[PDB]
Amino acid sequence: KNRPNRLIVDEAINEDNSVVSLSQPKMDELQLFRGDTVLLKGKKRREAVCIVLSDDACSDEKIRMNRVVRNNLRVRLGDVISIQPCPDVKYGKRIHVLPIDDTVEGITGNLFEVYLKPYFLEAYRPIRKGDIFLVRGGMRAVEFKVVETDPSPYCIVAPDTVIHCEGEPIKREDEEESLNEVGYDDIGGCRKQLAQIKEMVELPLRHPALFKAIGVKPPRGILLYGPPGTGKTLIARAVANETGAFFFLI
Amino acid sequence: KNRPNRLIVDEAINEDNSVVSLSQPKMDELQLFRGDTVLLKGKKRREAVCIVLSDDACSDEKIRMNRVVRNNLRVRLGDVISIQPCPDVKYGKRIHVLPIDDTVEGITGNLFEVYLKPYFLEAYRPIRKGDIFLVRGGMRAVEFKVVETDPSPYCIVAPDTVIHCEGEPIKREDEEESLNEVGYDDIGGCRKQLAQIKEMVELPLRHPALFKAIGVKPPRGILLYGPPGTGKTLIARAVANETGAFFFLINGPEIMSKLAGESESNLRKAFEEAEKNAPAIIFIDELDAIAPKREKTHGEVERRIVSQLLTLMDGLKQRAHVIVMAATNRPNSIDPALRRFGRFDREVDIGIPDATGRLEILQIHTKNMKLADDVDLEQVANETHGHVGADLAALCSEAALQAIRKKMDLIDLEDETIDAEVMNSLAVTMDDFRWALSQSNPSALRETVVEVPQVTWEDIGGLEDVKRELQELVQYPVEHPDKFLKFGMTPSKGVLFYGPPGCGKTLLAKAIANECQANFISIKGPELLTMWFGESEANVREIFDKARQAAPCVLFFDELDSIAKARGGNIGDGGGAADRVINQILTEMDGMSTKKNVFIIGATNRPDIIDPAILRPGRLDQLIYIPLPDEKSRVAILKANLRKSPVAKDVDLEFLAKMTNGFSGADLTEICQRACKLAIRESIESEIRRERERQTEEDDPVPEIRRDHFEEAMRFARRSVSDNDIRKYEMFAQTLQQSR
Ligand SMILES: Nc1ncnc2c1ncn2[C@@H]1O[C@H](COP(=O)(O)OP(=O)(O)O)[C@@H](O)[C@H]1O
Ligand SMILES: Nc1ncnc2c1ncn2[C@@H]1O[C@H](COP(=O)(O)OP(=O)(O)O)[C@@H](O)[C@H]1O
Ligand SMILES: Nc1ncnc2c1ncn2[C@@H]1O[C@H](COP(=O)(O)OP(=O)(O)O)[C@@H](O)[C@H]1O
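Chains B and A, in that order, are what the protein sequence lines are. Counting in PDB author numbering, the first sequence runs from 20 upward without gaps. Under PDB author numbering, read the second sequence as residues 20 to 715, 723 to 766, first letter to last.
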């Protein structure tokens with residue numbers, strides 16, 4: 020029960036926060052079609068529900084998912100996850116979502132009709148209790164957590180199910196990070212340069228114990244140079260957030 | 020019982036930690052055969068058991084043993100040991116070995132089956148109780164001590180005897196050192212430089228009492244210089260560990276990062292502490308950071324630090340048990356008050372290794388890497404021109420990290436962390452080295468290279484009178500100068516090759532530098548033009564100084580007329596003779612040491628425009644005309660250039676020679692290379708045809731350059747030399763002793 024359900028996370032090409040992209044040999048091997056609600060188990064007893072679509076540029080162990088679902092499953096890029104297909108509910112009953120105080124500051128009016136209204140229109144997306152998703156608009160990005168899921172634990176969009184969610188901003192739990200921070204998706208250009216830095220600091224930062232079982236010196240001095248205003252500090256913040264290492268700034 | 024059993028330890032050529040190598044006269048004198056278990060008694064009532072094999076390059080008092088057995092016997096290199104043959108057990112019963120806590124850190128799994136299993140297979144090695152040996156693998160070196168030896172005190176390998184050794188890491192006894200430290204074996208390249216340092220610090224450090232029975236001053240200031248990253252501190256650590264002297268380490272930035280009084284106190288404390296624990300070595304690295312040039316001290320505290328170092332170095336002429344070695348980058352980058360007699364009087368240049376040295380360093384760093392068989396370190400060593408030791412260390416580490424990042428980490432999915440046996444099953448490919456060597460390694464060298472070249476007399480085709488003339492001019496004097504003294508003739512210290520462009524001047528000079536087995540410093544034409552254009556002709560002296568730091572040499576001042584040919588040639592800038600750089604060459608050549616075996620060789624393509632003050636006697640004056648090659652030499656040129664390429668039987672080199680006349684060797688090599696280019700193009704067309712198969723073992727691309735290529739590329743043969751060229755060369759010839 021180990022072989023078909025182990026793949027490694029990598030970067031994404033698609034922008035939807037619910038789609039996960041797998042290569043054609045694995046999806047015919049896994050016996051999976053388009054649209055199917057699937058479930059991902061990761062580190063620390065966490066779950067993620069996702070619609071699946073097909074892509075081309077992957078291997079047979081690579082899964083492409085956006086940053087929102089990647090942070091929802093409590094895993095990071097380059098680690099391994101377990102992927103099982105589930106059966107579909109194809110309705111909802113009464114969902115409930117709350118906003119986050121850390122993202123909502125100085126927003127006036129109601130967030131409901133302007134944001135959550137146009138979002139769940141004609142795009143069947145599954146959701147689970149206790150997740151975090153993000154909506155973009157009005158020159159902002161707003162976070163929403165799902166608290167209560169009436170019919171199943173996971174429920175797809177279903178326009179008969181209106182949203183009753185008129186609640187106060189709920190306190191963001193202090194162990195998990197916001198999704199308005201910086202990551203590999205928030206750096207435009209520099210594919211080659213991110214390739215070099217990602218291959219240079221994969222092993223020492225992700226797998227620390229490995230460098231106690233061998234006498235091999237990994238590179239420790241990296242010097243970034245380029246014209247001013249090209250976002251060099253941004254790359255370091257990104258790499259820090261994506262490997263989960265402590266970041267000090269002098 | 021003293022005579023047959025006393026020899027002195029020296030360095031090793033073999034890598035096995037159990038073999039000891041002795042010369043043929045001693046082993047027939049000692050009545051010893053191959054394979055015999057022998058016993059060595061050394062200092063402090065210690066023992067060593069060893070298998071013996073035969074070697075060639077030793078005397079009758081030298082024993083070659085590896086570092087492991089040398090440390091097992093509690094002796095060091097250059098000391099004396101006692102050697103007795105014993106009888107053999109030829110079995111074992113139940114041996115027991117333990118690992119060391121100092122070497123084993125973060126090793127997971129069991130060390131037994133992965134290491135001790137493949138080690139004692141088909142190699143009969145004797146062992147004794149209480150020794151220390153070392154095993155290499157899994158990108159580590161692990162130490163093992165033998166605790167219990169059941170049948171004899173010494174027992175040879177015997178595969179019936181399995182090893183029961185499942186024990187905890189045993190605490191390394193605190194008087195003895197680890198064998199993962201640095202020694203003379205852990206330095207690749209630098210044979211000459213280690214020879215100088217080993218002969219310089221043998222007596223003061225090994226035999227201290229000797230310098231209390233004579234008034235003789237041993238050298239106490241040694242200055243190591245060379246490019247950064249060449250491992251200068253490593254040499255000092257090595258020499259320290261091999262002589263057993265106390266090693267103190269001062270460094271530049273650490274002294275300059277403290278407050279004023281506290282930097283003064285640390286500089287004082289270091290010298291007094293190291294003088295307390297005599298015999299010692301004090302090593303100050305990054306000397307040019309702590310004591311730069313005079314005008315480069317903009318502050319005041321800097322001059323006080325330099326003066327403090329000066330007065331401490333002059334307070335050391337009383338003591339004979341302290342030696343001070345420092346490291347810099349170039350000799351003209353520190354305060355000239357330090358490079359004087361009594362303070363820093365010996366200067367050693369480490370410099371860049373060569374192909375043999377690069378092969379040495381690559382063997383040092385891949386010593387426990389478990390390479391595959393297809394990887395050819397000769398390819399790498401030939402393809403790393405411009406790399407120093409730190410770059411090759413980075414190359415090996417990067418190659419290993421590439422060989423652990425693309426597979427066997429993302430195969431660790433069912434598993435969580437690295438397995439020991441999995442880690443051991445890590446081979447590297449030649450393509451992996453091609454990747455690591457191709458990209459991401461900027462070589463850190465723009466420096467002139469000084470080495471023994473690799474072209475020999477078999478490569479130049481023809482010109483045998485010039486061979487027996489150059490052999491005379493270079494080798495005759497330095498071989499045996501007694502005849503020159505009986506007849507009172509000073510040697511000629513120069514030649515001037517003049518002739519047409521591209522007939523093998525550089526080749527000839529590199530060949531005569533090869534046979535003489537001397538270094539070869541080449542100074543191109545662009546370098547002279549650079550020194551004339553930037554108008555800094557001073558650093559020419561540096562070149563000559565470099566020549567005297569690498570003696571013997573063959574300075575080759577190629578394109579010596581390029582300055583003249585760039586200054587309007589015949590007419591321009593008034594129309595004088597001399598220029599800046601050529602004047603500086605005269606001034607440096609005249610005022611140099613008349614016998615050092617430094618041989619200056621010029622070269623030129625226009626022998627008339629060079630200023631006449633260079634061929635006056637006492638300078639380079641023995642003019643040699645390099646002639647245009649002829650038939651019997653053209654055939655030799657052609658076969659020597661084709662000697663690296665496949666060639667068939669139908670190629671008529673006789674007709675090729677007869678057909679091409681007045682062509683310089685450069686053009687014939689162009690013909691050969693362009694014929695090979697057409698051959699390469701034909702082969703790639705054959706590869707695309709046979710790649711585009713009908714469905715898409724008749725693989726042979728015909729790797730044989732047929733006559734068609736030569737007879738077709740012969741249409742692109744161009745005479746680079748006219749007739750009036752040869753005529754004005756003969757006109758310069760008649761201005762010599764031929765017809766005048
Ligand atoms: N490749 C890029 N992708 C996204 N944003 C970038 C990129 N390059 C530059 N920027 C933007 O330009 C700015 C770079 O300025 P910088 O001084 O590096 O930022 P910081 O304020 O973090 O020090 C940042 O605001 C960043 O948003
Ligand atoms: N000839 C050589 N043999 C072995 N290793 C060398 C050699 N030359 C350079 N190296 C390596 O290059 C590095 C030199 O850098 P250096 O600054 O001198 O070392 P350190 O860290 O001791 O100060 C060392 O890691 C050494 O292993
Ligand atoms: N006698 C020879 N034997 C072998 N190769 C030669 C010979 N003469 C010339 N060559 C070729 O000529 C080239 C060397 O030219 P060189 O004489 O250094 O030019 P220059 O005269 O401008 O210094 C080499 O590439 C070599 O292949």
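Everything labelled a hint here was simulated from the structure, so no lab data went into it. Do not take every clue at face value.
Straight-line alpha carbon distances no greater than 30 Å define the calculated DSS-like cross-link-like pairs of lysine-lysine that follow [claimed, not checked]: (1) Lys81/B to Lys231/B; (2) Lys62/B to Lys164/B; (3) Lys60/B to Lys148/A; (4) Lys236/B to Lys251/B; (5) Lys505/A to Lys231/B; (6) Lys565/A to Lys45/B; (7) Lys211/B to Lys81/A; (8) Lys426/A to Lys20/B; (9) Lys81/A to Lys148/A; (10) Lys164/A to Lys62/B; (11) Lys63/B to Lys425/A; (12) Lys217/B to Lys615/A; (13) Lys236/B to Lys426/A; (14) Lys62/B to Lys211/A; (15) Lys425/A to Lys217/B; (16) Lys614/A to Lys505/A; (17) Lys211/A to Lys505/A; (18) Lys148/A to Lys136/A; (19) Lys251/B to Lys614/A; (20) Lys231/B to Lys81/A.
*Violating hint indices (sorted, rising)*: Numbers 3, 5, 6, 7, 10, 12, 14, 17, 19 and 20 - these are the hints that the structure violates, sorted from lowest upward.
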